[PDB]
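Consider the single chain below, provided in structure tokens and representing the form solved without the named molecule.
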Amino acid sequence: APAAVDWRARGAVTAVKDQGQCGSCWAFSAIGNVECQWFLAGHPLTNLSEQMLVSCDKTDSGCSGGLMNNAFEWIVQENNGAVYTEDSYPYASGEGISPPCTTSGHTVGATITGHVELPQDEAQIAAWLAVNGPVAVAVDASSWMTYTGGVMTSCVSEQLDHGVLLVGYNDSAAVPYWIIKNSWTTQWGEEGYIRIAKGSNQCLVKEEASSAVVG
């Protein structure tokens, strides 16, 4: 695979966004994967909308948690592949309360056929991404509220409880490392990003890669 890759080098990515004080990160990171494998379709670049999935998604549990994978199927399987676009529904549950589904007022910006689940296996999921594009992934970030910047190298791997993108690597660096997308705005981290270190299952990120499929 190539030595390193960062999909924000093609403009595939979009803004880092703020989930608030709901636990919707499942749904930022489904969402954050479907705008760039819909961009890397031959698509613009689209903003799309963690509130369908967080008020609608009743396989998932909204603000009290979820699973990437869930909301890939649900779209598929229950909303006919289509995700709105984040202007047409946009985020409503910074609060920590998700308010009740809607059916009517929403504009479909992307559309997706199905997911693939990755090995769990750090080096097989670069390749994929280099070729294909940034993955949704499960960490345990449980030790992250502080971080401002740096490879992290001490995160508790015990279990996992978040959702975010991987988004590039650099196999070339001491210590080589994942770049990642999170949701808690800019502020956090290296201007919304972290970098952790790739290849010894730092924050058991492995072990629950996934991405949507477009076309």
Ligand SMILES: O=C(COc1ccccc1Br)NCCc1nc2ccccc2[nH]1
Second form
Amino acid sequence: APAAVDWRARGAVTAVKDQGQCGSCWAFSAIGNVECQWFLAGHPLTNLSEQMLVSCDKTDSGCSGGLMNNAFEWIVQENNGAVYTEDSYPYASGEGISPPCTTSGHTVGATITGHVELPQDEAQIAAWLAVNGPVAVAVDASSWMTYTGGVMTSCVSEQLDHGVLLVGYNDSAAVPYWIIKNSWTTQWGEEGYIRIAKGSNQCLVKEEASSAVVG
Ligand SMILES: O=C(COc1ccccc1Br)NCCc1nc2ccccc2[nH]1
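Now that you have shown the form solved without the named molecule, what about the form deposited with the named molecule bound?
Then the entire complex follows, led off by the chain already shown.
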């Protein structure tokens, strides 16, 4: 695989979003992944709807949490593969109150037919990402609440608790790293991103990696 990849440089990643006071990171992770795959599949970069999942995916638990793998199954099995646009189904859960599901009246912004779950191995995840694009991952983010920049090398790695999006890596740096999109606005971290060291399972990053299949 190349020494370094950054899918932001490809124009494949939407702006950093704001989950607010809601445990909906699982939805931001899954939808951010779909956004990037939809662009890479030859379409304009389009903001897609986290609220669709938060309100309508009853396998997951709204502002009380969820799993990207369950979100991807819900989209395919319960929503005909459709992911609505952000503009037609905008995010409304920032104060912790998710509106009831509405089934009518939205605009389809992307279609997926499935998803992949990747091996629990940072090298294979990086090789997949280099060719195929950003990867949704679960992490332990408990120790991310003081991060202001640099490469994190001592991530507390004990319990998965947050969904995020791998968008790149750099194996040439003095400390090789992953580049991760969060959903805590651009006012946290490095314009909304964090670099964590790569190759030591920082933050349990290898454990639950996935990506949508557009089609
Ligand atoms: O909705 C998510 C998705 O993150 C994951 C969490 C666990 C596994 C995979 C993923 Br993705 N997190 C917010 C709600 C939450 N807070 C937790 C604190 C401690 C343990 C579990 C927790 N779940």
